[PDB]
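Work the whole structure out from these sequences, hints included.
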Amino acid sequence: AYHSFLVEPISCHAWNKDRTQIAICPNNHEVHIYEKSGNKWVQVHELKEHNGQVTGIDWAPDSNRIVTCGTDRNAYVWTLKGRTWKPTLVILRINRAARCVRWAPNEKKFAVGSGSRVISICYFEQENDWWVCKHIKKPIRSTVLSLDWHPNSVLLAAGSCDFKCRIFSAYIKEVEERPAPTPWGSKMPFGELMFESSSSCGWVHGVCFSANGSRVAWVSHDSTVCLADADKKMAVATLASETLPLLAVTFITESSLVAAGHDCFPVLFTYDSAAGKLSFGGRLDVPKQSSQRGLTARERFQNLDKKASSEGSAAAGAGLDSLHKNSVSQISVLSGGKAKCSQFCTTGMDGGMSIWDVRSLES
Amino acid sequence: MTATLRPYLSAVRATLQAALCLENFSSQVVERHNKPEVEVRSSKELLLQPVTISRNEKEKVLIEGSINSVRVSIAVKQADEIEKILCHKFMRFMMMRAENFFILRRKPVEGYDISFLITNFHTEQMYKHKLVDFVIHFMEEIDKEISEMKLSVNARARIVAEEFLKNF
Amino acid sequence: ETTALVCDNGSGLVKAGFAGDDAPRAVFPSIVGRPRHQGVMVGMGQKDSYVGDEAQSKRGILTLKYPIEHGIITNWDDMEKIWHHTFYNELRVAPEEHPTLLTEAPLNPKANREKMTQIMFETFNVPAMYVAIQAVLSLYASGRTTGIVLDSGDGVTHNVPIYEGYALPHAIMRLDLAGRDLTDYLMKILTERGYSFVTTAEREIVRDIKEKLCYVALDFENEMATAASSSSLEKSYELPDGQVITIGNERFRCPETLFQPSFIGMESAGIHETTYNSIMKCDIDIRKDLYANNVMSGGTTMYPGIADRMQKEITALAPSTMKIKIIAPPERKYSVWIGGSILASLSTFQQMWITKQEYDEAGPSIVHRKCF
Amino acid sequence: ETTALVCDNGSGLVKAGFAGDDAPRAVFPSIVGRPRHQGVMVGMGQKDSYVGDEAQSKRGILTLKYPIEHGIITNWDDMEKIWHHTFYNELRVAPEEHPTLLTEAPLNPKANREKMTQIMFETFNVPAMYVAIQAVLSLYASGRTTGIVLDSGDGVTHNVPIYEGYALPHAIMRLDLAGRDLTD
Amino acid sequence: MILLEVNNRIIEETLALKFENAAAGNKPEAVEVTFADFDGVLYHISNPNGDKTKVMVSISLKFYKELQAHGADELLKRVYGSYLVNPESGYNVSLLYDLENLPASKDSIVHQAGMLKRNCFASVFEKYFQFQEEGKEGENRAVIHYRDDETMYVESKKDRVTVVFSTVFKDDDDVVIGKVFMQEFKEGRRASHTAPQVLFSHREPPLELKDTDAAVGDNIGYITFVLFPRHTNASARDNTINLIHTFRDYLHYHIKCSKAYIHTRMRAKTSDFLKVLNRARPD
Amino acid sequence: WXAXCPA
Amino acid sequence: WXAXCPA
Amino acid sequence: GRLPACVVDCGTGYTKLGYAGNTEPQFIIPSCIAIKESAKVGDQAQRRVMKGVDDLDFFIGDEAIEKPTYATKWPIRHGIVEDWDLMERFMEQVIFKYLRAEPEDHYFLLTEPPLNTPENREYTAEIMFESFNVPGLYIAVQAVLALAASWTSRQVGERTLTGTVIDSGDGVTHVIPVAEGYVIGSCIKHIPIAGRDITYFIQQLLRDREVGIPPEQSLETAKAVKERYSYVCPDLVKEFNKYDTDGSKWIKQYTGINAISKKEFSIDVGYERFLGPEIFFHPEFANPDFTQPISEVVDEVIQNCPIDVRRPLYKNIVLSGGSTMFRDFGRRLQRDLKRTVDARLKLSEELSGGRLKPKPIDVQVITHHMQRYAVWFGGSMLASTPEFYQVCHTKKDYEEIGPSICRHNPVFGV
Ligand SMILES: Nc1ncnc2c1ncn2[C@@H]1O[C@H](COP(=O)(O)OP(=O)(O)O)[C@@H](O)[C@H]1O
Ligand SMILES: Nc1ncnc2c1ncn2[C@@H]1O[C@H](COP(=O)(O)OP(=O)(O)O)[C@@H](O)[C@H]1O
Ligand SMILES: Nc1ncnc2c1ncn2[C@@H]1O[C@H](COP(=O)(O)OP(=O)(O)O)[C@@H](O)[C@H]1O
Ligand SMILES: [Mg+2]
Ligand SMILES: [Mg+2]
Ligand SMILES: [Mg+2]
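Chains as they are written, first to last, in the entry's author numbering: chain C, 2 to 364; chain F, 1 to 168; chain R, 4 to 375; chain P, 4 to 187; chain D, 1 to 283; chain j, 1 to 7; chain l, 1 to 7; chain A, 3 to 416.
FYI, nobody ran anything at the bench for these hints, they're computed from the structure.
Be careful, since some hints might not be right.
Taking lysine-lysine pairs in the DSSO-like style, the calculated list, with each CA pair at most 30 Å apart, reads [claimed, not checked]:
1. C:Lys308 to R:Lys359
2. C:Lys307 to F:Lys89
3. A:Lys53 to D:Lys186
4. R:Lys359 to F:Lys60
5. C:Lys307 to D:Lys275
6. A:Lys99 to D:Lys170
7. A:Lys99 to R:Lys61
8. F:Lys35 to F:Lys107
9. R:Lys50 to F:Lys84
10. C:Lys278 to C:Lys308
11. F:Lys107 to F:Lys60
12. D:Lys269 to A:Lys38
13. D:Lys62 to A:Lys53
Computed Cβ-Cβ distance ranges for the label pairs, DEER-style [claimed, not checked]:
14. F:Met96 to P:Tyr166: 31 to 39 Å
15. R:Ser368 to D:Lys136: 35 to 43 Å
16. F:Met96 to A:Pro295: 55 to 63 Å
17. P:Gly23 to A:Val43: 16 to 24 Å
Every residue, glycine too, gets a C-beta built ideally from N, C-alpha and C.
Dropping the structure here:
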């Protein structure tokens with residue numbers, strides 16, 4: 002189900018509620034929106050007032066708002082007014098950069114994984130017609146690359162590059178209420194460290210939560226996968242293999258798990274019930290790819306001038322779909338939530354996009 | 001090269017493939033930038049420990065690591081003074097036209113022979129395995145090039161001598 | 004440092020391989036060809052110089068020249084190029100990793116040996132090397148200690164009488180006649196038949212023809228008479244273009260030049276006469292042993308019936324009171340290489356090598372005193 | 004300066020187009036016709052000289068003459084006129100903007116080549132150009148490096164044996180027989 | 001240039017420019033120029049005084065003392081006639097042209113003056129060859145070390161003559177290249193029939209130089225050319241003298257030419273390397 | 001042409 | 001060779 | 003008896019040559035260089051690779067023009083050089099054949115245009131130190147050499163360091179002021195039009211306005227400019243109508259000699275007698291990019307430097323360079339500069355009233371000999387100065403630091 006939207010890479014992707022609209026960063030000072038047309042994709046809009054590079058996008062299932070969180074230490078909350086899109090300036094008080102962003106299930110606040118050693122949380126205010134920003138800086142010691150949220154919206158996990166993957170506890174009493182009892186802790190006030198990684202296991206590039214809110218998993222640059230099971234006495238499970246570093250995290254159900262990265266194709270994992278150990282699953286996407294070429298009498302002589310005439314586009318990665326699918330940027334979900342996920346999509350640094358399935362394989 | 005160079009090439013190729021992974025990291029220390037981290041040496045947070053793949057005292061290679069770039073430095077197997085001179089001159093002539101390469105540096109690391117450079121800006125606009133293949137191929141072909149240069153200079157000396165002696 | 008490489012710079016072919024193997028790993032002719040035309044196409048800046056099987060394949064647009072002529076090198080650039088090719092492209096082994104063994108014909112100028120040693124020690128900086136004789140390696144391959152060697156190569160034919168544990172340097176005879184002169188005479192006679200061949204490509208073609216459709220004649224006059232009744236001896240060969248050439252008396256005429264050098268105009272004697280003279284110059288007692296053992300080697304002695312003719316001629320010349328035996332192993336082509344490999348494998352020879360330190364301190368003249 | 008123009012001065016037809024396209028953008032015969040009658044009507048002072056498909060259409064009152072005969076140019080004024088027509092009226096591209104490529108049959112007099120180069124460099128002041136052979140371009144089009152070319156054009160038929168990376172200039176044969184003799 | 005010339009073209013050019021306008025009246029064209037050539041010798045052209053009707057040429061030979069001791073009376077009348085006068089600059093041979101007297105020849109005189117350095121250098125070698133030719137008792141061997149720190153020695157005995165060269169290389173870069181260059185000098189003989197024997201020695205100085213205080217050291221090679229009358233007679237003398245005198249600069253220039261050749265070859269190979277690299281960029 | 005054939 | 005025969 | 007150093011002034015045009023401590027550049031030869039190239043087609047992966055000794059089988063200098071089987075290929079093009087191998091070949095040929103100087107025991111000074119990039123200077127210095135092994139090297143802009151040579155015009159004993167020089171060139175003519183030995187770095191402008199494109203325009207016009215010349219011997223025909231055949235013109239249209247009215251006496255004739263068939267050919271002389279040299283003050287004719295005069299550029303560059311130096315600078319403008327040999331050039335430049343400066347002064351006085359009258363600014367152009375070559379004498383005095391032997395970069399500096407020692411430029415600094 003491969004498709005191409007641009008030769009150059011793409012930074013981040015965002016989708017709407019009906020999976021009919023797409024957001025693609027062209028690796029330039031703008032962002033584009035693509036819409037479905039029968040069985041085809043075509044450009045619809047063109048949003049641009051940012052003079053820097055965009056590196057984070059997200060979508061609101063109900064509010065239909067889009068946030069551009071990137072360089073220039075700024076962030077604009079896009080909203081739809083009739084048949085056109087307009088910006089909404091926000092203030093974040095950042096000095097270095099901002100990469101990743103994420104909204105909340107209830108659409109009341111959004112967080113930015115800023116590169117200034119700080120994590121910012123903001124909420125809507127009608128008084129000054131602005132977006133106020135708070136800061137979390139106590140335990141943070143380096144950049145944060147991945148953020149994920151919990152149903153109640155009070156627990157936040159902010160992966161960083163300091164061997165740690167920590168949950169936080171943010172509660173703005175202005176637009177938040179007391180959450181129900183949770184196994185983790187006490188839902189303490191904003192700006193505090195709840196718990197830290199058990200030990201040093203590589204950096205962090207992604208995080209994933211569960212509907213029951215009792216299991217957290219993340220990946221690392223050290224070719225490792227972790228699963229913090231809080232239902233038990235903070236049982237921690239680990240797994241490793243010879244695969245290249247992963248750069249994404251997501252799971253299907255309470256036991257499944259999915260990930261992708263420089264391996265160029267999806268890799269599937271699973272978690273046991275009581276054994277406290279994971280396992281491995283190989284190329285759940287498909288068996289393998291194929292390769293082809295042509296004579297190209299013009300090319301046979303065109304390539305000899307610069308490259309060798311006998312040379313060609315064939316590569317060892319053609320057989321296992323490792324030729325053009327250069328790396329994987331992140332992952333998303335298609336249907337429902339993180340319970341069944343009948344379909345899953347992934348982003349590619351090649352500048353394209355692709356879709357997959359979880360039941361079409363039919364074991 | 002099965003019994004002489006094959007294992008060395010395999011090991012260095014595997015190391016490069018593992019360390020060829022790169023990603024874009026917004027500048028953490030200097031306002032807003034995406035400049036290479038290895039050259040700056042600002043934060044030890046991103047840097048990875050150096051590695052070396054070598055089998056003799058006078059020949060060596062170095063493999064660096066970072067989010068933005070990976071740097072590799074080689075040391076050739078030069079024995080005689082003519083070999084050193086020819087290697088230096090050939091590398092200098094390679095430097096003088098390094099702009100078209102888009103991969104190579106502009107001056108070798110101190111105390112070492114030529115070194116290369118990679119970045120996230122050179123990984124998508126260019127293929128991945130082709131670059132490592134080219135680095136390998138250069139490593140093998142250096143000896144051929146130096147031997148060919150040596151025989152060429154010897155032939156030149158022979159021809160000039162023959163041309164002069166005829167007059168007598 | 005586990006094994007050594009043995010290279011035989013044959014006058015018409017090069018043999019190389021590892022020390023220990025029973026067969027060579029590289030067998031290509033000594034050809035260094037260069038383009039003869041101008042060149043028009045733009046998509047190829049290819050290899051101004053050509054060497055090896057590549058030269059043989061595309062010989063039609065190249066001026067093939069043999070670097071070695073009658074056992075003595077004439078162009079050093081070509082020899083260095085072939086050495087580099089064999090070491091790198093084919094063997095893919097660095098000179099420093101293992102030492103090299105070299106062989107040369109007897110009674111060669113000292114200048115060639117000194118230049119070869121200097122080039123090997125300076126250019127490739129080999130850790131150590133040695134220089135030997137093809138005939139002694141032939142003895143080693145044959146697993147014998149006494150006999151007479153008939154090393155009739157492509158460029159030189161020579162004999163070296165030997166006895167148990169010692170040699171006779173004063174009874175060595177070297178004859179310039181070899182395969183190249185035979186090929187030239189074959190071309191000349193093929194002209195008399197009606198087929199013309201001048202350039203080097205047709206030289207290779209005639210070389211192949213001789214390799215495939217030549218044999219020796221027990222009796223010259225009887226064979227000529229039977230040729231007068233030319234209805235069972237003529238044979239046909241298929242040229243690359245498809246033309247068919249019929250060869251009759253030429254099959255057994257060119258080989259007879261070895262026994263009758265007067266055909267080419269050389270005022271010398273045949274191989275039988277030279278071997279008889281060499282054996283006679285030896286001591287009386289060792290004559291019996293030399294007669295009882297006659298080793299032959301080289302690519303010019305594979306003609307069927309050569310052994311029988313040599314035996315008949317020697318018995319006719321020698322007194323008819325003893326027994327003369329000819330030994331013709333079916334692998335004499337690579338006997339020199341096998342002997343070199345066996346000699347290198349010998350434990351006692353691990354110290355006879357010549358290293359860089361002693362060579363530099365002493366000088367190129369050391370090889371002269373190293374086993375003559 | 005992004006592409007170049009390739010013009011083939013065929014003995015009976017002219018082919019031209021941009022470098023990169025798989026088909027020519029201009030295919031008209033080499034005809035330079037002039038009126039043969041006197042002319043009476045007054046509402047016309049039209050084009051004392053005619054060239055191209057126009058000449059083919061109104062050939063009934065014109066003395067058509069082929070500027071090129073058996074591969075060698077005979078009238079330079081006609082060739083310059085056809086060059087100007089193809090460059091301006093059809094291609095509508097100025098000579099200075101892009102360079103021009105020219106082809107000619109083998110074993111042609113050097114005078115023709117020198118005159119053509121001088122006219123191209125002086126009149127149209129083209130930034131650069133080159134001269135090649137039709138047979139080698141045929142090899143390039145065929146995507147092969149070895150073979151024998153049978154370039155039987157309208158004016159000249161010739162062969163040029165070739166081998167990998169080199170040619171054989173001493174084995175080139177040119178025959179004047181061509182389509183014009185067949186038509187006669 | 002392959003064989004380095006012996007005629008300094010500077011004097012030829014300036015004398016041609018002066019003489020081409022000589023027949024133009026009272027035209028002094030005051031000239032005062034200083035030059036330099038191989039062997040570390042300085043030339044000087046300057047009028048003797050305010051009188052510009054006479055032009056003078058001088059030399060600053062390093063080994064001039066040996067020439068004066070030997071005596072060059074042959075050179076004072078054979079090649080140079082009455083237009084030679086006692087030294088002025090530094091006790092070194094200096095000549096002048098008398099413009100008031102009609103100069104009849106134009107090219108012959110300029111050519112004769114062009115080879116001044118070799119013309120004076122030959123005074124010793126030609127005289128030694130005459131000594132061995134004439135049958136006179138073999139004149140005592142001599143050593144002639146010129147401006148370069150190296151040395152030159154010659155022995156003139158009966159039935160043959162000898163010459164030995166000492167070589168010194170300054171920069172460490174060119175030492176090995178020159179060693180390689182001279183290694184094949186002693187062997188290349190397959191294209192010469194009537195040529196002298198050539199040999200190279202660096203570790204062991206020849207037994208001839210043991211007593212003589214010639215160039216002695218460690219990083220010094222030696223080259224000897226054996227001389228015979230077949231290539232040292234009255235016919236093939238000038239050519240041999242020119243070849244031996246121009247030996248040093250010949251070696252130097254061809255070393256630099258080889259350096260340029262290898263530079264060109266590596267520059268050519270860079271293109272192949274770039275072509276191999278280009279396989280990584282996409283279509 | 002000038003000699004042989006017309007052109 | 002140098003004298004006698006070519007090589 | 004110390005050996006003199008060597009003075010060389012390389013460039014796009016006729017390369018000056020000679021030794022230091024001398025009053026006349028002995029050798030003045032073009033940059034033309036021969037080569038045994040021909041028609042290969044593989045010319046971008048083996049440019050030449052001449053087999054054997056054919057690599058050096060090439061001549062040089064005036065003798066290289068008359069070799070009709072090789073290729074005359076100029077290596078330089080208005081300072082910047084594409085391939086420098088030809089430059090190295092020319093340098094070795096000159097030093098050995100013509101100069102006959104051993105690099106290991108001599109000092110070489112070289113001159114380059116001010117716009118030369120640092121890379122070219124660095125790499126040429128590296129080439130010199132590697133191949134020639136010259137003990138010392140020094141590169142400097144040619145303006146100061148011209149200023150030093152200008153002292154010979156009058157009153158040498160009267161030291162006069164201030165001034166400005168507008169030098170010519172085969173492909174470049176630059177403007178550089180001097181303020182008591184110290185020049186201004188930012189007040190330098192590079193002019194692309196020079197004495198070569200002028201001849202291109204001359205020949206282009208001539209190839210249509212006249213016939214009777216062969217294609218080969220064009221430049222020799224185009225060199226009427228170097229003759230008395232070009233005068234400058236205070237007015238353009240006036241002389242145009244003067245020629246179009248009489249067109250009888252003002253027209254000259256050419257009597258050149260063919261170099262092939264030895265057949266005389268003649269052509270008349272027309273409007274090009276003045277248009278060429280007039281292009282200097284109207285560069286728009288040739289180069290469309292640079293539609294900017296010269297005199298106004300001079301005043302602008304002289305008006306972008308401190309007040310105390312503006313006054314003496316206008317008083318000293320040196321006429322040095324081949325392209326400046328045109329007659330009446332100084333009169334035109336002086337008159338234009340005087341007009342513009344007087345207008346500026348009057349405008350400045352108009353806004354602020356006063357019965358005063360400032361002393362008029364004096365602008366004078368000096369005509370003298372040495373115009374053809376003003377760089378050689380500067381290099382001679384450069385070499386003769388003992389301090390040159392101390393400022394020159396040494397071998398050990400290049401040994402490990404690299405060739406960056408020669409990267410110093412007058413318009414750079416951090
Ligand atoms: N099958 C053959 N029959 C007869 N002669 C052969 C045969 N193969 C090669 N030859 C001849 O022997 C020569 C090569 O054998 P070789 O021993 O390698 O020469 P060398 O002495 O230089 O090693 C060739 O020149 C060829 O003429
Ligand atoms: N469809 C055709 N069938 C047969 N002959 C043709 C056809 N079209 C052209 N020709 C012949 O080929 C000639 C033109 O082919 P062409 O290659 O363009 O000549 P040129 O080589 O000078 O360009 C015509 O003169 C005509 O005789
Ligand atoms: N007397 C002259 N009249 C007209 N132009 C001249 C005259 N002398 C030189 N020129 C021109 O000036 C140019 C040479 O100036 P020059 O600066 O010496 O070249 P370069 O820049 O290499 O030093 C020549 O191209 C020449 O056309
Ligand atoms: Mg043999
Ligand atoms: Mg045609
Ligand atoms: Mg200039």
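- Task: Any hints from earlier that this structure breaks? Give me their numbers in increasing order, please.
- Result: Of the numbered hints, 1, 7, 10, 13, 16 do not hold.
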